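Q: The whole structure should be built from the sequences, with the hints applied where relevant.
Okay, here's what each chain looks like letter by letter:
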Amino acid sequence: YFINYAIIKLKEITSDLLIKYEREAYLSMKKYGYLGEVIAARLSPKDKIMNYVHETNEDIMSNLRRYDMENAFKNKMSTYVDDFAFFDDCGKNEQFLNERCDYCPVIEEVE
Amino acid sequence: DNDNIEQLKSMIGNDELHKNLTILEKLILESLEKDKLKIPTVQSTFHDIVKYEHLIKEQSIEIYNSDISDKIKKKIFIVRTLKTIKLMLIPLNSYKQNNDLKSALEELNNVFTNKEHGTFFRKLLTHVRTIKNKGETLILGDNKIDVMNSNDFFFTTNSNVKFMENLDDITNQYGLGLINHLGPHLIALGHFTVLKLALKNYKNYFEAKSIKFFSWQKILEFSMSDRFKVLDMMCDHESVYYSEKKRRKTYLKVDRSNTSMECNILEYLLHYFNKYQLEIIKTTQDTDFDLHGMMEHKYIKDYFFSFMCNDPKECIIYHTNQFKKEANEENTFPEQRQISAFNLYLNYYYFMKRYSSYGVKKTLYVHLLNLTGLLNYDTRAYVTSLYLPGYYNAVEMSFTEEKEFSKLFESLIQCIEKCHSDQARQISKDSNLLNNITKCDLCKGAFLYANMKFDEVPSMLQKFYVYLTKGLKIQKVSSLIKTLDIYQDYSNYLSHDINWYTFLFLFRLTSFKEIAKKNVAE
Amino acid sequence: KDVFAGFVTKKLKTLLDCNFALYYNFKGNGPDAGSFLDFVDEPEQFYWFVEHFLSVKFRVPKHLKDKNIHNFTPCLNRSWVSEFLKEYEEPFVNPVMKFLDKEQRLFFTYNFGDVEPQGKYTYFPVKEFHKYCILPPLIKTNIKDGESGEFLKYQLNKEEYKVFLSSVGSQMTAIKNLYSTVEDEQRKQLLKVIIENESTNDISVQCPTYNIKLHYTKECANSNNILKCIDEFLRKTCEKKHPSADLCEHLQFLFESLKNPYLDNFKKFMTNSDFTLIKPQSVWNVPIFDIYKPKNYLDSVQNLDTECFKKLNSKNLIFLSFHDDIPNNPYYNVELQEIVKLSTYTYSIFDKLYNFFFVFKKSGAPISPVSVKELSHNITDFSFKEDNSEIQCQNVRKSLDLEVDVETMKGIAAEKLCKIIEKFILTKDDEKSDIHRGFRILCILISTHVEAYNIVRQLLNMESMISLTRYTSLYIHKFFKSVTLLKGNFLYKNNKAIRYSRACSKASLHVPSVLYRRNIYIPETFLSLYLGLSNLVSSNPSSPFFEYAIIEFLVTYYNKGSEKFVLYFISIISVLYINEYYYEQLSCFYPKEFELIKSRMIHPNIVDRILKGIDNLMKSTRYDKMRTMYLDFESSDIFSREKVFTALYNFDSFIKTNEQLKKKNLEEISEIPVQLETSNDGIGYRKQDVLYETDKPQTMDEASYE
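Chains as they are written, first to last, in this note's numbering: chain A, -5 to 105; chain B, 4 to 525; chain C, 346 to 1051.
Mixed in with the good hints, there may be bad ones.
[To be verified] If the Cβ cut is set under 10 Å, some of the chain A residues that face chain C in the computed set are:
#: 1; residue: -1
#: 2; residue: 2
#: 3; residue: 6
#: 4; residue: 8
#: 5; residue: 40
#: 6; residue: 75
#: 7; residue: 76
#: 8; residue: 79
#: 9; residue: 99
#: 10; residue: 103
[What the hints assert, rightly or not] BS3-like mimics (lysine-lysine), calculated; alpha carbons at most 30 Å apart, straight line:
#: 11; chain 1: A; residue 1: 42; chain 2: C; residue 2: 537
#: 12; chain 1: C; residue 1: 498; chain 2: A; residue 2: 3
#: 13; chain 1: B; residue 1: 248; chain 2: C; residue 2: 957
#: 14; chain 1: B; residue 1: 328; chain 2: C; residue 2: 937
#: 15; chain 1: B; residue 1: 410; chain 2: B; residue 2: 256
#: 16; chain 1: C; residue 1: 498; chain 2: A; residue 2: 25
#: 17; chain 1: C; residue 1: 943; chain 2: A; residue 2: 3
#: 18; chain 1: B; residue 1: 221; chain 2: C; residue 2: 943
#: 19; chain 1: B; residue 1: 256; chain 2: C; residue 2: 706
#: 20; chain 1: C; residue 1: 485; chain 2: A; residue 2: 42
#: 21; chain 1: C; residue 1: 537; chain 2: B; residue 2: 249
#: 22; chain 1: B; residue 1: 248; chain 2: A; residue 2: 42
Quick caveat, the hints were computed from the structure, so don't treat them as lab data. Note that beta-carbon positions come from the ideal geometry of N, C-alpha and C, so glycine has one too.
A: Here it is in structure tokens:
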């Protein structure tokens, strides 16, 4: 990550750029900071995962602590600007393009 | 129409394959001389090495310390190559002399024939209703013997040829003689099942050209979903070609019934070569190294070699910086001609004297070296692949039922209680190669391979089940796979005897939830 | 050829009364009372009913097929309008509105009796006013019950909310001030566990939305802005039965609690017409409303009412405030649809490809899928396609430059595809014209070149990971969905551009889907060109089944009658030309940078064995129906290697020309609204609350938990 930041944004450095990289970040930090006021109002309590993540049963508490350690490095250090723009049209084969995680295992309901 | 008979010559008469095996066997027979633990010559027969294997097991059980068991576990894995090599050199010798593919494959049938029972289960069926319930593997003989009472706890028994010939005889009797000599080795069992399928339809594949045949080296070379579509051309399957879903779904919606069970071992193995192709990719991922399973196989060979050496030319892996990144090891090989990366002199030299000293990351770069090369129709990596443990260990990942170990054993009984009525007086006496394998040949074969009590030295279950219940305090079979505290022990426990893997292969294929009313691979 | 006199023939009403019977039963729950559209008063409700029902040919959806309601079978493959324009001479729109409202209200009374039909409303969300909460809010926590999977959820009431406002302290103090007032032990225990778990678990106060329902065209006709419009709506209701009777109760309740300053200005608000209570909380962008097509009624995550016809978007937020200001932004303005004739309104919508389904049912034959046994004999070679040869430079022309930034390449691709629509509208100004043949190839190829241009930039390590553009067609799809309503473009309010805009929006949806297919086995994202394609057909280009696997995948969409068949068959062939493109560009001209991607691409001679193989397999006796249905709805431009490359060599020379005008910013695409800084006046956010929380220090008594 950092070499990919050392190459590009730290290529040219002057005094004018140092103020320039600040407010370019700060407005995005205010933009990234504005997301939590947006998303949290539209949340619902009944998610099948958020009941499961915040469990306190020690048999469930240990199934997650192995999971996030094993599934740690499948995540990446990349921030996407296109994370919240969604495709309005849904092809049923193409319903995955809404989701936008790196590690997207298919979860299938068996009844 | 020429590529049926031509592709079989890679199975049967490839002189590059015969050159690579004799390279391996000369390495093996020089490595059996130079052992500090203690011998067949090159021109010995297959039945020598069978009688030589049980000598080593009679030599290895008695001199089993906990301190020398690296030298023991190699000299078991060495032999179960050398037994397969002297089995694999049976057609390559005969086709080089006789130049006939039929008579060459006859030399395999003339081995496994070895040209030369109803009272048991009636005692069992009364025994189940007196039970009817975990007390069947826990009979009074197992009250004496607990977790690790003696050296015999890891092996078959206390080093009897008469015990080890009973397992030789029973799998010969119940049609499972192919499995027991090879192990569940993902290549050697796959190779010799295709050859078992070669004589079974020698008029259909050959001299009439109606059904398309493939070598086993080619089916490994294809992509992940392309293997089953190649396998469906091998047998007489018919289905929709393009399947968006997984293989494990669209296979079931065709009603595959009255299938040859030689074809159902291969569908097992391609399902566990797929889940071996993932688990080398899923565990070797680092930064600037993102492999994918459907990647083109000349590029995985390109990308993996351009990863560990910064030159994309195929370098020696065992001397690069990346193989030494986990831990600093030393750099010894005597021929330091450019040395090519898939060299049998090289890859067997580190497996002998450095493979016990590898961590988990250094291990996987050996198997990823030999998962590529399999994907590129390299005979050198094919011959390399016989002495790796990793192709044996694919049946370890098979266990995914969360039920107890006794509930898998009741489903083994539940087959036999149906199989006891299904006797149509089809008598299996020798494991031929013209023959089929029925489901009764598989359920009775595994159960009599498990519960073999000789000299009151406990059976294969009563050493394994006691290792689970009173040794790891585990009730659920699926908990062997999660929690690396359990698993890194459990792949050391099984790897004493290859016949554990042969047991689990016979125990996984027979203890399905739904084996009672449906096929094996179904 | 008859002048329209209000009389209906037997054939049209059988189409017409069916077209209601689909739409009122479109939920499948039965006939629905909210589904009524007033045609006479509002034209936009009428033209929406023209588009999705009347102008297109009839078709029963899959979920309606099991429902089995009033007889669709004589009237399946027939459209109402094309019959109606053929029988009768073209009328003005106003006698049509009386004619269809007369039929509809009889259909409504036949299904609902003496219920007065009302127009389908336009929804407006209002959450918070002046950073206060307009309703009794909701408390959300990360606490979890052991009795229930669901978190702790405490919803306030009206009488509790008076105490919740009069607290000077923060939100944490407000719930503590609330705890004295509350009188139920089943509430007090429910509030105690929230306050007790404060330091360990989140507590946030979240308001509910109130939706302002109103007839849009009836109310907002005379008002200048939508911001001006709701004010003229609320003054009707406070002075005054409309279903906004809730809100004017809630205002007078809440302004009673906000005692002196906020009740007076609200009481002054009903007098002065200069006042605006309705003020934008967010910077508004296109579109203003989202117009809900009937598919959106079925989606459970949307959870739409039947009465939703237009909602003010999540991009566009309204908050009631006295003090704040209205910026200068043109999208506040009331935009009404032009009342246009039934003739021209169809041809601005009418697309030839969306009748692919009716060609397949009438004059198309279902193709049997390839059985694997028949697949064995139809192929001869099983050797693998392999070529590692280095490409000769002298046949190729360097049109590709990698120094151009990706966010600029989003801008150039939209600007270049605005010009192709600009040339197709104006040069073919001459009544049943379709989209031109070159379109849906130029929409897909040019989006495919920039989609690969991400993957080339991300592999070369040249793009910053701070702003990685994930899907570039997403910039294309959001742009051409709303390009006609967007200022600053030649396509602004251009009715000919609508069916060119909607087509390139849907065609660019299928572009990244080909390039990003997560495999069914491996669930990872990836930076490759062919790994997207290889996961789609479940085979590799080195494998000899790859020619069959592409076409046999298209047989899946073909036998369904799917319109997506033409769009995909453009896409997969275009991806193969891309792999020829960059591998010819990079191997000759960027020989260092070529080395990192040479494993991520296909050699073009390997692509040629595929493309020579596909074109032969399309002419085979099994697949003759595939080729003919494609050429009905597209031209065979994509089969040529050379005309496609010139369409790419045009775009990659377009960058070298239009690099002058790269300065224009990307028009924003996110669903999340752009922030407008409002005056801090909230419960936690008063100036009084800043000094009150400094007045009490952090007491050692409470941190001891006593």
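Q: Against each hint, give a clear statement of whether it holds in the structure.
A: Cross-check of the supplied hints:
Proximity of residue -1 of chain A to chain C holds as hinted, the smallest CB-CB distance being about 7 Å (cut-off 10 Å). At a threshold of 10 Å, the smallest CB-CB gap from residue 2 of chain A to chain C is about 5 Å, leaving the interface hint in force. Interface restraint check for residue 6 of chain A: the shortest CB-CB distance to chain C comes to about 13 Å, outside 10 Å, so the restraint is violated. Because the closest C-beta pair between residue 8 of chain A and chain C is about 18 Å apart, greater than 10 Å, the hint is violated.
Checking residue 40 of chain A against chain C by beta carbon gives a least distance of about 6 Å; that is within 10 Å, so the hint holds. The interface hint given for residue 75 of chain A is met, as the beta carbon of that residue sits about 5 Å from the closest beta carbon of chain C, less than 10 Å. Here the hint on residue 76 of chain A is kept, as its CB sits about 4 Å from the closest CB of chain C, short of 10 Å. Interface hint status for residue 79 of chain A: upheld, as the beta-carbon distance to the closest one in chain C is roughly 4 Å, under 10 Å.
Taking 10 Å as the C-beta contact cut-off toward chain C, the hint placing residue 99 of chain A at the interface holds, the least distance being around 4 Å. The beta carbon of residue 103 of chain A is not positioned within 10 Å of any beta carbon in chain C (closest approach about 14 Å), and the interface hint is therefore violated. Proximity of residue 42 of chain A to residue 537 of chain C is assessed by CA-CA distance (about 26 Å); at most 30 Å being required, the pair is judged to hold. Taking the CA atoms of residue 498 of chain C and residue 3 of chain A, the gap is about 45 Å. The hint is violated against a cut of 30 Å.
The straight-line distance between the Cα atoms of residue 248 of chain B and residue 957 of chain C is roughly 29 Å, inside the 30 Å bound, and the hint therefore holds. Taken as a hint, the residue 328 of chain B and residue 937 of chain C pair is honoured in the structure, with Cα atoms around 27 Å apart against an allowance of 30 Å. With a C-alpha separation of about 27 Å, the suggested pairing of residue 410 of chain B with residue 256 of chain B holds against the 30 Å cut-off. For the hint linking residue 498 of chain C to residue 25 of chain A, the alpha-carbon distance of about 29 Å falls within 30 Å, and the restraint holds.
Taken as a hint, the residue 943 of chain C and residue 3 of chain A pair is honoured in the structure, with Cα atoms around 27 Å apart against an allowance of 30 Å. For a cut-off of 30 Å, the pair hint linking residue 221 of chain B to residue 943 of chain C stands: about 25 Å separates their Cα positions. Restraint check: the Cα-Cα separation between residue 256 of chain B and residue 706 of chain C comes to about 27 Å, which is no more than 30 Å; the hinted pair holds. For the hint pairing residue 485 of chain C with residue 42 of chain A, the CA-to-CA distance comes to about 17 Å; that is within 30 Å, so the pair holds.
Our distance criterion of 30 Å between C-alpha atoms is broken by residue 537 of chain C and residue 249 of chain B, whose separation comes to about 51 Å. Distance restraint check for residue 248 of chain B and residue 42 of chain A: the Cα-Cα separation of roughly 25 Å lies within the 30 Å cut-off, and the hinted pair is therefore satisfied.
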